[PDB]
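*Asks:* This is what each chain is made of:
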Amino acid sequence: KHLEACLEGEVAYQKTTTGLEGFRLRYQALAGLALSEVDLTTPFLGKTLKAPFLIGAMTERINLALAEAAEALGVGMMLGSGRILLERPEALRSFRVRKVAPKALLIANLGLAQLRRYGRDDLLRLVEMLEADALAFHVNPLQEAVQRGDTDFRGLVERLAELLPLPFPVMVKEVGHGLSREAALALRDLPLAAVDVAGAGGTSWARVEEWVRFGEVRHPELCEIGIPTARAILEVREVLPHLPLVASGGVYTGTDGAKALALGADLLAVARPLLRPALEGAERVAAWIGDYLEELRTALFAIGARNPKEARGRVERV
Amino acid sequence: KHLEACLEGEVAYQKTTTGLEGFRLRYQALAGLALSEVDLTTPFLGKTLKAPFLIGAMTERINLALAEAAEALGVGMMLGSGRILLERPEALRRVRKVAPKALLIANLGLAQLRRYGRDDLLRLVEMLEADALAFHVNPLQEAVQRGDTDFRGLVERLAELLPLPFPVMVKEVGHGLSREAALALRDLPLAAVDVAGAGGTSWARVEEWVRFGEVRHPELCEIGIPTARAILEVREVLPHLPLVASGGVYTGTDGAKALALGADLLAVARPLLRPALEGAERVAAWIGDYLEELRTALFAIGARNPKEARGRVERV
Amino acid sequence: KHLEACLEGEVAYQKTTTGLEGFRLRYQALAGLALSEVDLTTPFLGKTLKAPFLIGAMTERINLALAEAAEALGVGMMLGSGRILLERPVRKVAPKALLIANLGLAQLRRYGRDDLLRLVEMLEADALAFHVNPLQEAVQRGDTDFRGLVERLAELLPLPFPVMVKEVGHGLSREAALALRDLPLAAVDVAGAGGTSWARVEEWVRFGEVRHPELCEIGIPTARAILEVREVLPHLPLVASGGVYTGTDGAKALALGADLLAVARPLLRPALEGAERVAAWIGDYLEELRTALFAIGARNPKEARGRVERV
Amino acid sequence: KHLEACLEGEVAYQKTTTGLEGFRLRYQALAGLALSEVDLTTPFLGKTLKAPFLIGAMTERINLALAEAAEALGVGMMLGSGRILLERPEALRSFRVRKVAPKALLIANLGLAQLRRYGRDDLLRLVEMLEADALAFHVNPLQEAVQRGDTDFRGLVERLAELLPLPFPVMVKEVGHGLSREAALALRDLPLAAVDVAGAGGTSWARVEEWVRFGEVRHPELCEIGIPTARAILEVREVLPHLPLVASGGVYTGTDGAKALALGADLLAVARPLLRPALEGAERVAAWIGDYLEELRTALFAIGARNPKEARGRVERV
Amino acid sequence: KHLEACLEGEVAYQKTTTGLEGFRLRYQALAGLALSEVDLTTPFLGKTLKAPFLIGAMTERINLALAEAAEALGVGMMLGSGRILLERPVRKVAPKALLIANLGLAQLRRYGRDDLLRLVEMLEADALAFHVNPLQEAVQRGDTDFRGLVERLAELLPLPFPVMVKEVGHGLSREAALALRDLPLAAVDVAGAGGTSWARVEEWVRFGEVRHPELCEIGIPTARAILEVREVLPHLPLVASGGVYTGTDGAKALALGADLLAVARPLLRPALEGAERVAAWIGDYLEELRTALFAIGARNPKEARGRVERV
Ligand SMILES: Cc1cc2nc3c(=O)[nH]c(=O)nc-3n(C[C@H](O)[C@H](O)[C@H](O)COP(=O)(O)O)c2cc1C
Ligand SMILES: Cc1cc2nc3c(=O)[nH]c(=O)nc-3n(C[C@H](O)[C@H](O)[C@H](O)COP(=O)(O)O)c2cc1C
Ligand SMILES: Cc1cc2nc3c(=O)[nH]c(=O)nc-3n(C[C@H](O)[C@H](O)[C@H](O)COP(=O)(O)O)c2cc1C
Ligand SMILES: Cc1cc2nc3c(=O)[nH]c(=O)nc-3n(C[C@H](O)[C@H](O)[C@H](O)COP(=O)(O)O)c2cc1C
Ligand SMILES: Cc1cc2nc3c(=O)[nH]c(=O)nc-3n(C[C@H](O)[C@H](O)[C@H](O)COP(=O)(O)O)c2cc1C
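Protein chains in written order, with UniProt numbering: chain A, 9 to 67, 74 to 332; chain B, 9 to 67, 74 to 107, 110 to 332; chain C, 9 to 67, 74 to 103, 111 to 332; chain D, 9 to 67, 74 to 332; chain E, 9 to 67, 74 to 103, 111 to 332.
With the rest of the complex left out, here is chain A:
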């Protein structure tokens, strides 16, 4: 159903935008460097990816096409909520993807609200079964409100905070509505491995949720609520000046990814746009991502940056 909606409905934001359009990249006609010298290699969560890119979390045959491409290109990949795996270890055969992705970095996904019913061990089991290199918890009160699902988000930050110091790197992310600066403050003390701001502008899960319930978005404005990806990057970075940040949420082009990095991001993550190419097969997914990085490179090149790092600051507000 949710997969159906993302593929057939108007689930993207209609009024709010990532805000990246409000910034222009500083073009250096005389930055004097060679395109061949711009290196996208970037180490993330204890592994060296060939580009600062992560396939976004998506929730069976799609995962094998996504992963296969992740390996082929050398980029990371966040798995869909393995929440269903801790409930049916028999269903493990379908998230089994290491087979196609031997080396590729794989972030397992679970979602904070679950720490209210799962603990220390269960977690280890999940990262285990999947043979993941890390684990990501996603928070999403607005989505859950509109969906009318577990609507209780009390004391989840501490329940994590305590049982934290885990064997594998851990990161927190939203699902497209964004993480505010105060949200970043609430995480500043936990020893996280990284953060995914996943802001507004791309796919609105409040819309995806309503579309699943009515076959149309009945409360448009309610579903546009969120922190634009651009604002989220700036705000979160502002609070966590050193933790590696992932910009996701409508960062659908290489040029935009460059802007994302310039504003303070370290990694880019794309989800919905890969959903269709994933249905067509790994080759198609690899093609999509390949082209995205091909332009991210050219963008960094025109900016005068030799790598995702030197992009920082190379942008100005329109």
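I should point out that these hints are in silico values taken from the structure, not numbers from a laboratory.
Even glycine gets a Cβ: it sits at the ideal position worked out from N, Cα and C.
Take the hints with a grain of salt, since some may be wrong.
Only some residues are given here: those of chain E computed to face chain B with a beta carbon under 8 angstroms [claimed, not checked]:
#: 1; residue: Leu11
#: 2; residue: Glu12
#: 3; residue: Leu15
#: 4; residue: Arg139
#: 5; residue: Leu293
#: 6; residue: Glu294
Quick list of in silico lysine-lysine cross-link-like pairs, BS3-like style, CA-CA up to 27 angstroms [unchecked claim]:
#: 7; chain 1: E; residue 1: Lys23; chain 2: C; residue 2: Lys23
#: 8; chain 1: A; residue 1: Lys113; chain 2: C; residue 2: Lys113
#: 9; chain 1: D; residue 1: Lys113; chain 2: C; residue 2: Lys23
#: 10; chain 1: B; residue 1: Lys113; chain 2: E; residue 2: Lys113
#: 11; chain 1: A; residue 1: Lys117; chain 2: A; residue 2: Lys55
#: 12; chain 1: A; residue 1: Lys58; chain 2: A; residue 2: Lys113
#: 13; chain 1: A; residue 1: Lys323; chain 2: A; residue 2: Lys55
#: 14; chain 1: D; residue 1: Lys55; chain 2: D; residue 2: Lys117
#: 15; chain 1: D; residue 1: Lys9; chain 2: D; residue 2: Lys23
#: 16; chain 1: D; residue 1: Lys113; chain 2: D; residue 2: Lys55
#: 17; chain 1: B; residue 1: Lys113; chain 2: A; residue 2: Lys23
#: 18; chain 1: E; residue 1: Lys9; chain 2: E; residue 2: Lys23
Using the hints provided, position chains B, C, D and E with the ligands relative to the given structure of chain A.
*Replies:* The following block gives chains B, C, D and E with the ligands in isolation, referenced to the frame of chain A:
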């Protein structure tokens, strides 16, 4: 192919603009002067042009129509990359024949200094009988085109073998020169600079259009410094070097704004491409009309010449 | 690539239409019957389908989703050109379901009597369908020779399994139907213009856009094709396909002289999402075809014949 | 719900039209008559109405506003399905409208499919309770199909045919999808008092029905099925050359009513367009209808017709 | 100026169309032939062209680009009014190519037998074409006297080289064809409405805009002109021109009764870019005309006749 695209495709910028629309000219109803007294005469690169205008660089029969008009009106003209001439001296069939007096800036493009030197340059300005030489930088274009993508140490390779017999200038091809780009040139003894900013023709678009018959990465091709921003930024860094505003400065009124923001010369390329295909008379008509309005604009502004235009504009 | 284009490009016809819009169904407010009494059961190619519907030919994991649904609902299914199978040697999910193997006429120039039997064999198909498509092949720039294919079939015809001829969306004219009148075919698929234009799909694959629009709109509108072909082959069972995307349209198709409806492209996306989605699509289509036949006053696909008028 | 949909949804036909636009009225600049001499008086179902107009059937406080206006202007009125009254005689107090409409002609409404569960007496009781001057049965297989209600319309024409010869005049009508010529044939033998073709072009009850189920019309083409009001008039008249016919189904203006009459109708009936003015009160309803007849008169006047009858034939196909 | 207008103004017809859209080509999915066997070779005015195509008359450097392409592909070419040549006295690039000299009827009022021979002479043309255009001349406000021009030609006719009459885009009516039925012409160019409207081109030159739109839409649609003229001159070779801008349209043109297609304005811009560009344009046009004839079931421009129906 490139000539085809500029003539048949959507090669102009779609979202980014020159930004000149963000400024209004300060109309002086009582500046108390006569239209007849506004003089466009302006000396550039060691020659006195009748108007602060340069026909933009364009790359065979078109050049003879452009030049012929350049003479007729007394404006300059930048030649297309004569890069092909240093490779096939036979095919040097030259426009001086139609343009005896007219100021002609030869064109070559920086990335070439990686394979050509001191002499070769002199030969080019020579063969053409040009009054100067212009090197153009364009990493973004070359990236999208997928051509020579190496721009390392080109500024110095020029810097050293610089002090040349003829005046030299650096220009972009429509994506613009940033203030830092102007900084990287501040030390070289250049004769002038052409900021050639975004807003007019996007060569990234022209390039993609040549490869797919359509622009596949629109946003990627809109990357650049708007002509208005480039004028302000570059002037800011090189307060005295003569500057050429080009890149979507398609009307006289816009040229006036360009000057007001800190430019000394205006340059137009693509818009002249079609009239050039129709003949010199048509090209002369176009440019004539442009200057006719530039004059009226300077007149309404209260400026007697391209110089007094400086500052006579405000941000909307 | 072709699968990519159908899923991402403007491959549907832009100017020519099926023409079904030119006809209105004769609504009988007092036909006096019960919706429950309208039966879609229809026997085709030696099997009894639960509705006069066939999943259109489409060319790997999609086929298993399409077939699984074909079984679930009791409708037929045409397989993609098994041409690739005779060069590099789904029943598992579809035990009972009627399956028409597909090959394409131009191949009889390089394959014969046996090879055919082998194909229907390997697939465990209930019949075999040859598709003709000169316009597509022209634009594609593929095998462009269609000489003597009708006879090469005509002779080696009388085959162990029922055989049918079809186009790929540009339609079969009345003269085309004449050229087939003598062959002992099991059925025909007019596959007319109005839905997906394979000339467009073909050009889109070559330029990422349709460069010769008008050239790709060439064809016989599905409505015209039904009328024309029926006119020539008054009894051979006919399949209406080519932009017959709704139940209401299917009803019109039948009313004009069709016996079966076939849908292709519209099922391509639901096929990528899985059998449940495909079954949902088709289920809904038949749900409306039934209501349409109901309002028309027809108790079955047959009584629909003639229950329509030109607007 | 149904009342909600007609008031808030796109329940009118989207592609099919009444078809009246395909005819132009024959304007007689020199028909040489006085506007004052065109008389709308027309006797229907044993009563003399002041204009060939009937308020369409609509299904509580609205009925009192509609009726009150019916009296005020001297036009008829068809009541909503009193089907609910034969099931809850206690609910009679709400259809009780004779109090406001002492004289006005009132056609009770019931709907054919009910003769499968009600008989001779029950009918008399309904016309009785309401103190109606006649009874109208409505057929609507397409609506019922889409609604998913009683979908069995077998032998309803005869069940009526036999127990017919009733104490009060009886008429058959559709609900907006129209009656075909064959439909008219199936009625040619029954001794009906009149017929309401109620064709397509105005409100599509298939759309109203789907809108109630999904909050949107999911099968547009399916809901456009029907006989355009113009076609229905011609076709039915063709079969029943003398039975008085009512043209309804998108005949929303006086000028259109004139066209309706010209094509062979005797009475015009309007429903949905009166629904909102009915919610505002009798005065508003009277205003609407008053204005409609004011233009019908002018139209008949320009046509050269002194009354609804002389309108017959005064129109041509564009 | 006129060259400027055609290149920069809205000189095409705005309301009237060629009318070719009113016909659909009869697609023969089973015409059973090979694309390779459709031959465009067609002999015209005493020469064998490789395709039934003629570059339209256009009026200096453009002509060398057009001609050079004419040779390259093997198609004909009509020269601009050489009227200016008989007042102030391209084969070099086009040695073999068929070249129709152009002059225009209204000139026979001031030029005679010899002068004509001189023109065809100087140009080394293979024939001569006179163009009539009262509507253009009216709007232009030029020589507006067209009296007795048909006879002045009629008499001094029987000329050493083949002669043909044409309009300039407003078309030749059936009666116009009647007035020519007696003269021994080599061929006719109906040059109908639907493409470039010279009344518009003319007004655009005078006001920089079309002030009397409806006045400039006056004319016989190319489709009607083909039918009407053919009707009167069942055997004289006919050229369809006037908005016949695509191969598919050319096919329709032929099907309705034309023998040759001629394109003008659409070649004007590629002509400004050079012969290669012009050749590309025409090459692509014939490439589709071939495919169209192929789908129609026609082996050559002749078998196309009648292979079309009215929509
Ligand atoms: C089909 C689909 C499934 C998803 N499943 C998950 C999931 O299981 N867990 C999660 O944390 N996010 C999930 N997401 C969210 C993305 O990882 C993330 O919210 C992103 O911001 C939305 O993609 P973006 O805007 O490019 O489109 C899913 C998104 C899509 C489209
Ligand atoms: C047909 C055409 C050919 C050109 N050729 C050259 C060239 O050889 N070298 C160069 O440095 N710029 C060339 N240019 C670029 C212009 O000189 C310059 O980039 C300008 O900013 C684009 O024109 P503008 O925006 O008015 O249109 C060419 C532009 C056009 C339209
Ligand atoms: C992805 C796709 C694959 C197809 N593959 C074949 C094929 O292998 N053989 C064939 O004869 N037709 C094939 N078709 C054509 C259809 O069977 C048929 O031409 C139909 O008329 C097009 O579907 P329709 O108009 O509903 O959409 C294919 C169509 C689609 C969309
Ligand atoms: C709120 C509403 C309630 C209705 N109730 C009935 C009803 O009970 N019985 C009936 O036979 N028709 C009913 N109708 C139908 C009308 O009498 C008739 O179908 C008409 O053709 C629709 O109105 P028209 O097209 O102007 O809008 C109802 C229509 C509306 C808008
Ligand atoms: C630039 C241009 C110049 C032309 N010059 C002539 C001419 O000298 N004599 C003539 O008879 N027709 C001339 N024509 C007309 C064409 O030969 C003919 O009228 C044709 O129908 C218009 O081209 P078509 O509709 O494809 O565009 C000219 C057309 C154009 C566009």
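*Asks:* Hints first: check each against the structure and report whether it holds.
*Replies:* Evaluation of the provided hints:
no.	hint	verdict
1	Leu11	holds, 7 angstroms
2	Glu12	holds, 6 angstroms
3	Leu15	holds, 7 angstroms
4	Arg139	violated, 29 angstroms
5	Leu293	holds, 4 angstroms
6	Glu294	holds, 6 angstroms
7	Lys23/E - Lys23/C	holds, 19 angstroms
8	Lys113/A - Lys113/C	holds, 26 angstroms
9	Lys113/D - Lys23/C	violated, 60 angstroms
10	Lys113/B - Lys113/E	holds, 26 angstroms
11	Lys117/A - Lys55/A	holds, 9 angstroms
12	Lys58/A - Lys113/A	holds, 20 angstroms
13	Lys323/A - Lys55/A	holds, 17 angstroms
14	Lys55/D - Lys117/D	holds, 9 angstroms
15	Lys9/D - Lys23/D	holds, 24 angstroms
16	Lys113/D - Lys55/D	holds, 18 angstroms
17	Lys113/B - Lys23/A	violated, 60 angstroms
18	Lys9/E - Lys23/E	holds, 24 angstroms
Going down the numbered hints, you'll see the structure goes against 4, 9, 17, while the others check out.
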